[PDB]
Structures are given as C-alpha cells and as structure tokens.
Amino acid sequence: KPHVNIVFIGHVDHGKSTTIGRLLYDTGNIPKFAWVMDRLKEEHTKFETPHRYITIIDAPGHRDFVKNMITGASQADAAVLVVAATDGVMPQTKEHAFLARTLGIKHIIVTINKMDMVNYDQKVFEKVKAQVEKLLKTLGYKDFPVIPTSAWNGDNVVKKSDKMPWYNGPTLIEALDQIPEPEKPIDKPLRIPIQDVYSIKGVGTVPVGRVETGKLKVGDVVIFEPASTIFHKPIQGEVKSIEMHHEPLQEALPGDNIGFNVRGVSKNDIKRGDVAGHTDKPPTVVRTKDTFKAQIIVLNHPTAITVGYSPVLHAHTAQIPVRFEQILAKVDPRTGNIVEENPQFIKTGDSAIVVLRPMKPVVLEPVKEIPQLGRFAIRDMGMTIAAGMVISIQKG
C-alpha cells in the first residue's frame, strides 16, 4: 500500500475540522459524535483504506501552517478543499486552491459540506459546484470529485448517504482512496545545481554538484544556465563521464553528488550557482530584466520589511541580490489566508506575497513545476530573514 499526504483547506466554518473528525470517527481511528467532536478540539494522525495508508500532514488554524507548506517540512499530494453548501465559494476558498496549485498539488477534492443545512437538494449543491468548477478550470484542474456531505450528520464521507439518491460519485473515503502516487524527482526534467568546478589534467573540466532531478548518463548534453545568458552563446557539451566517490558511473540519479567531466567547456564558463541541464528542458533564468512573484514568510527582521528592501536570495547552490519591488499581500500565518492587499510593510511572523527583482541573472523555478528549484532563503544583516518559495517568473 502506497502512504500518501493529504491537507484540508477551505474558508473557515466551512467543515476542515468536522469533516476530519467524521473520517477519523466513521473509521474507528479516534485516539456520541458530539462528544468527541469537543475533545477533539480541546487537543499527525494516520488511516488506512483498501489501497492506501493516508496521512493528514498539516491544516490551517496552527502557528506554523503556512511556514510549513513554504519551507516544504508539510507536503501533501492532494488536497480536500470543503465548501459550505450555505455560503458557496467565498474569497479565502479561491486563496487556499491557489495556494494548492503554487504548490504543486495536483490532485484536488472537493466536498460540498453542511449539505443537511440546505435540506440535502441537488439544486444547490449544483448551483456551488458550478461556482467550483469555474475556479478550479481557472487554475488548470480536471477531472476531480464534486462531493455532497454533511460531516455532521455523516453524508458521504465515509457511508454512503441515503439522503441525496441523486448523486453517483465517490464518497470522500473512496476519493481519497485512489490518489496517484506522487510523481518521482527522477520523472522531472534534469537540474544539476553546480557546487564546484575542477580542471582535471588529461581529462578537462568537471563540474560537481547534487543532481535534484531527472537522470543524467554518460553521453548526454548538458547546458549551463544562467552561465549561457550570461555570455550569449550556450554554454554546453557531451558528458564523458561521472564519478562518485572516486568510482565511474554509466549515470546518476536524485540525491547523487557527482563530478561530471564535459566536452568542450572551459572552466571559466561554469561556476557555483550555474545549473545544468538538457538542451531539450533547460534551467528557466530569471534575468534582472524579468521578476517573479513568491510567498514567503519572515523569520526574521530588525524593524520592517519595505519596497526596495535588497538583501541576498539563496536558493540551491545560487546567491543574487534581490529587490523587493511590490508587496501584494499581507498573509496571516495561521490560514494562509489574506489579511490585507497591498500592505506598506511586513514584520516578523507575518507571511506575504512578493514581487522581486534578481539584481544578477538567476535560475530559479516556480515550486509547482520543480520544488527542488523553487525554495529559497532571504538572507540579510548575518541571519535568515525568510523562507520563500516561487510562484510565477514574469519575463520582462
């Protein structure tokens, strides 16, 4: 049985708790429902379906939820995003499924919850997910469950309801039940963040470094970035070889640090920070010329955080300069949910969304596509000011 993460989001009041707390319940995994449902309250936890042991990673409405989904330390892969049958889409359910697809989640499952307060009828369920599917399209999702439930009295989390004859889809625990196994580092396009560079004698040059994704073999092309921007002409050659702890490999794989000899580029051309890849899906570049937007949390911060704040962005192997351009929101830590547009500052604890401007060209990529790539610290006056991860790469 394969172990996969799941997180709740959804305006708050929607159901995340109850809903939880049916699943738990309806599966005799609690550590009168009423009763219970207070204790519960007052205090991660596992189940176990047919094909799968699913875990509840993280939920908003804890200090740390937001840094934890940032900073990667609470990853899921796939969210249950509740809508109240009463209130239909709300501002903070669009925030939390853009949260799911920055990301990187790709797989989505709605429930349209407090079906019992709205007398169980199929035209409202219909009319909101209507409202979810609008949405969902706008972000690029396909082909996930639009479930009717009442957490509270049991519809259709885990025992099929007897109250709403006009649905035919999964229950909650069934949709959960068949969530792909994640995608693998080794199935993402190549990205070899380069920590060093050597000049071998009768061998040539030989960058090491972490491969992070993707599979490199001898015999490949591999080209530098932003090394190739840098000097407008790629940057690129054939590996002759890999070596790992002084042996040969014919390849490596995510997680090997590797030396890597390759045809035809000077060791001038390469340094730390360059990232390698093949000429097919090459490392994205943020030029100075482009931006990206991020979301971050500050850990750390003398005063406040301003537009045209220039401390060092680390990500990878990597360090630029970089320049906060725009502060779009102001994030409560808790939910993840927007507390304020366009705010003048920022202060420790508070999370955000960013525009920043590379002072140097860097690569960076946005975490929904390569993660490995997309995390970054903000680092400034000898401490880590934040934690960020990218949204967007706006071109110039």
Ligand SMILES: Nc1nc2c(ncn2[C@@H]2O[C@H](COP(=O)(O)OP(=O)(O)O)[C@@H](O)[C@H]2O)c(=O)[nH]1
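Positions refer to the first chain, counted from 1. What changes on going to the form deposited without the named molecule:
Hinge residue among 161, 109, 184, 368 for the rigid-body motion between these two forms: 184.
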Contents of the next structure:
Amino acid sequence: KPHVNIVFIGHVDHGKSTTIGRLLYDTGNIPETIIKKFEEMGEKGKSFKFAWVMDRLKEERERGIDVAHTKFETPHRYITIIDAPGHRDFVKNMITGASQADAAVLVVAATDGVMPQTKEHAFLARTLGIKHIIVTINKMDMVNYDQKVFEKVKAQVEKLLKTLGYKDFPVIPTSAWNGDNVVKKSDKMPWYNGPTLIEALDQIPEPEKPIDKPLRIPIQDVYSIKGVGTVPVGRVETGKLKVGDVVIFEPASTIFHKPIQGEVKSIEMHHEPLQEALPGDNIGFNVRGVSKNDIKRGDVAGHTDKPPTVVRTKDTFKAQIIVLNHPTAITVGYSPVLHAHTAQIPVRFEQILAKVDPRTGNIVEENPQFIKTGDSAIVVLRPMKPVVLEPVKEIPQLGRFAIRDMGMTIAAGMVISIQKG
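The form deposited without the named molecule is what I need now, so please give it after the form deposited with the named molecule bound.
Here you get just the chain by itself.
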C-alpha cells in the first residue's frame, strides 16, 4: 500500500545492478513474453537463463517496450528503484534532478571491501536527505561465505555511515549471482539471522511528507497565460500551498527591494485543479498581482510569515563538501558555479576552515592551504549573485548543492549555516 522510492548505490562492479535484477527475477516480476521466449531455447543451465533474461529486460527497456525505474510490489509496499549512475559527473543531476528517495541500498562487495568511492556514496546519501539506509555485503560466494570478512566490511561500512548520522541499519550478506539472501534465504550462512533484502525493503518506514515545514516551491519556469495571468511552474518541496494563500518570491523581492508577492487563485497538477498542493506535487499555479517579468527560474515561493531565506552577496554561508574532482587544487578565491534546487549562481570560496575525516567526522586540519579530489571539508562560501538556500537541519530540500566548473562536477555540498554580513 505505501509507496517507497529506493536508490541503489555502490561501486558499479560490486553487483548493485545484478542485485536489482535478482529482486525482479526471484519475485517473479519478469514479463511473461520474455520468460516464454526463453523456453524456446531449452536447457541452458540456471546461470545462462538469469543472464539472458536480464539482458532481454534491458533490451525491452531501451526499445521503450518502466524504462527509468524498476517497480514491484511487496506485501506491505509499492517499491520503485533507481540504479544510481556511478560516474561523478552525474552527481549534479542526482542533487538537482527529481524525486526524494526514501531509502538507499549501498551494495559493497565482500571481495574489494570499502573503496575510495564508498565515502562519496555515503555522503551523497545524506546530501540527498535520504532517511534510511540498507547495507548489502555482496559476492559472499567469492570469499567462501565467511563471517569474519562480512564483519570487517560491515564495521568499516558502519563508520562511514555512522559519521554521517546513520545508525541501527540492516547489513545483509548476499550473493546477487546465486541469490543468497536477496529474496531467497541462504542455506550457506546460518550464522546470519537478519532480514533478506526484500524483507528489508518491505520494512522501510512509510514516508512522512514534510508538510510541517515552511512552504518552499523552487520555480522551474514562469508563464503568462492568456485569460489567467502569471503562472509559475515548480515542485512543492516542503509545506503546503492552498488556493487563496498569499506567496512571496525570493530572491526576486530582495533583488527588486519590494514584495514580489500575491494571491494564489488556482493550482493545477496534470491539468487538474487542486485545492491544495503537497510535497512532491509538480504544479502550475496562478498568482495574482505578480508580473511574469518579476519572477524566473531559481526564485522560490514561500508564505509571507516564513519567506525563503536569501543569501545575498553581502552574506556568506558555511558548508560541508566532498571534493569529487578537481584537476589541480581548490584554494581561497576559487569561483565556480553552485547549482541548488532550480537556482545557479557563481560562488567564491572565502575560507577553508577544515579538512574532515569521513571515517570519524573529526577536524583533521584547521585552515588548510588547499583541498583536492577526495577531500572532505568545511568551507565558507559567498554567493556572487543572491540565492535561496536553507540550513540543511531546517530545510534539507533547499540545503543541498552541487559545484560545477570547467564542464565537470567538482563538489557536492550541504549548507550548514548562513551568516548575515
């Protein structure tokens, strides 16, 4: 009954895709057309069949015969899965692009264990505001189903996730290729008594839409519609928008030194009128008394009592980043482009306060001379044009960012705090 959105993460050779494949195959969620067409080949052995079937599923997807999601039902939930791109350039698309994941599955191979990548996958899970993790220690066959390897990799995977504020999460020894503990309970690991993966998915807590939080709607586009008037289009991220509400747009209002605000007359989602819009609804809405020229992409709507927080050029904010890639080294004065929600603005690195240990979360060097690829750090940034951002502990949806420069994704970040200057 409840819908949960899950994102699979991990090193792209550690089996996460195969894990998703195994979930569909062993729950019987393969198209009948594929299964019948395989039967024409006669006996090929179990392994050949699973590989052939997953290859046939990929081809159907690519031909447009669900393309971008894997979907299946469990006893207590509808599950939608995303298999996350591993190449670091797509991180901006993850941070800025579509829906809230409710849970992450981080798949880590028993063989290689924790990789240089893995801390990035963890940090990314937090940055996206994902409440629940499930850990999978995969390829247990390649290490002879051994408990003492599972426990090591579990322990070190636990430090990365613990440092980020995850705890009491499942850690499941699996083999995706053979099936162990994905949907079928293993016989090879009697030492393990926790849930199988599909059991863990079923037990993800039902999501609470952030309706208690201040209204925030980042604006994607802005139209003048003949006979109705000014129509912003955006997704409500937090709070609720009801017909008749007054909303204000930032940083429009700060930039123009006046309220760019007015009354909400109607709301549409999928071309149907709504009386109220909730977190996750992608809506057009008619706001009276606001010019189409006074609002654009990257402005954010808010109620007048709790308006969106603007960080001006005169201000700065503190952030926690992971440096994903940089050809030399980041230093004070570095001036890349920050992308958050629907905004993008030039930013200035004003200070580098600390280098952080992603294994413990502790300051390892105050005031470093620079940072580079793979460093975790605490920086102070100054927007070179105003922007809406929120501290991540108040409004996580508007507290996440990506840094872009020279064509590539440099850093991902979280907004710790904002200092008015």
